[PDB]
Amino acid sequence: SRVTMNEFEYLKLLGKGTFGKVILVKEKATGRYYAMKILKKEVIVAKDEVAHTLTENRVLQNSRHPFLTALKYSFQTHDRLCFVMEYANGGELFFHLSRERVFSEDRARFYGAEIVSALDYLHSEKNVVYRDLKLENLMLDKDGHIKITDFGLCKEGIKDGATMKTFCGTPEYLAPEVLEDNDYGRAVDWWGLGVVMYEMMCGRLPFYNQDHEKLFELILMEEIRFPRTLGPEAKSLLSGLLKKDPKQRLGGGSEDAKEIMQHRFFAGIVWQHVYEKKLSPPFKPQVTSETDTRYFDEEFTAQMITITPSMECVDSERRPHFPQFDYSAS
């Protein structure tokens, strides 16, 4: 258990939420930069977020893909869990779309392809369903390639047509079959892909109401509509991804991602080239240094950091000693 919190300099707040914070850090000994997610044990326990936290840890440790965030270290103190991950310097797609309103079909295509590559890997090679696709969880690396973050809602052990039970996800992104609450399969990820790609090309959610009651009714009952400037292949792709019956959805059959990969919207895409990062990103992040946070909301980066500075074997109900938090990537 070599690295500890004292091995890092804490530079800037990147993100914050009910469960904890994510800080831009420098490993002092190497000069390398990372995003460190710091969670308070007491909070995770109180909010029944333990299982999610442990799932993210396992999924990160078990996965290696161009478009998935890589984990460098995970470790714990008596009161905290720390995940030291590759820093996605280009920020959230949420940040960009908020400012730009829409992406071109070509730009949405590039992101869509990298997302499909990542999800295909998870489904096919890892038997993992992601369940939480949304613009906040889709980040850009310094070169402009996708990095998916936040694996806490994943389900492991989902092979082929195996089903899942848990009601989870983000309300505006929930698939009809999730809302029905009578079991669902891996095609929930393709609904999620539909929502994000719809947002990218159309500049709004496919279904929205500030009241969750009304929102859920729309998702279940309302036929999809598109702005009339949307091209025919994009309309076709989104229509297929946003079919309410997962059995009728693009990606919803035995071939899974391969059905999406073959859709005419992605005609000409060479999928091995996607994997190899041989497509030139349409937007290159213009960061001037390894610490430039221009693609992060000032609401976060303006905040002051004061990290709190024996107890190595302490294992309590409120602050447990958790398993698999002695990780350093080989």
The other form holds:
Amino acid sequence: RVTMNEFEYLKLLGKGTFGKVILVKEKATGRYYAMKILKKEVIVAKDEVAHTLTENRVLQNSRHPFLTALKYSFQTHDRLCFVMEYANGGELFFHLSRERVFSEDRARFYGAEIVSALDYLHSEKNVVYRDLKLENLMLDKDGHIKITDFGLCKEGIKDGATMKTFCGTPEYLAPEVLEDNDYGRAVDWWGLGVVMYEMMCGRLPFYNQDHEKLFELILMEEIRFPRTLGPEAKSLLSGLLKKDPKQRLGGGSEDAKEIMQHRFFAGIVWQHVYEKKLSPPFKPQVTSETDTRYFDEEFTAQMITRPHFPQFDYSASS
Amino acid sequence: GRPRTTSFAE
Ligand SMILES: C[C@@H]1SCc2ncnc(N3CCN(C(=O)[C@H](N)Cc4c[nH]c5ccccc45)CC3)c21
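I would like to compare: after the form solved without the partner chain, may I see the structure of the form deposited with the partner chain bound?
Shown next: the complete complex, the earlier chain at its head.
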């Protein structure tokens, strides 16, 4: 079990309303980690307490190749710290920004890994993620997907159990969430649809700057694809982006299993996906370990610096 | 690409 001092603070990785994320070296071990440092004041003040707890709990009982692991989690008078595996590869949002579009093969690979991760969360942990977006998908040193940021998860969601909470990111919301209907775990598939759409198409499948106009598109406009998109890719995206959740690929009792069987994924051996036996299509090219290429210069070129939370503190079992 | 997006809740 640890405190603020057991770490050296090497580089800034992001700054936002709720805090910052520092690349860190752990003194006792030499292992580099990513520290999310939240300002307790802000969390309580911005009402983000319940979400923060949810993230602690979700990370604590999930261990998966493609979900960000959590090593330690602790506190101070003014701070909540999450100490986590470093995604050297930065956000998928970073790479798309610069390449425009990914090949189908490369999108297939990232999508298999997301499907593996969302399946584990649904079937093994009874969790619905709810916030699938490019920003939330990172790459590790090898170029495997890492889903980060679990504060919007819903827990104890078994089979067709349904939720009411209006949350996510506007551009990514499922039609059933927009209808203000009850909704089930199929919302994650709508999301997988969107990120996979962006990966292969280079744009979002629905977009206006005005939320209400964006929401109409999501509810009313049927999808359209670039004319170069192959039929299996096109069928997958159509199935994932059905507005009716009961028609969505992944929407039945089969869940993930329905997507795993789709012709788009014909080549894939799901057990090799999980075991990282597949050729990642992109290894992040870092000279060293505090190389922060794939993180914004706005952040990486900077110099670094109220109640108690019951049972917040946690260390990763050996 | 597009502008960076914000996660919210209500
Ligand atoms: C913390 C995650 S977990 C593994 C990991 N590895 C590298 N960078 C990371 N971050 C991701 C979040 N980053 C951001 O800039 C995000 N684009 C926005 C963000 C979400 N929650 C935050 C809390 C504090 C500061 C930024 C954020 C910085 C680098 C992370």
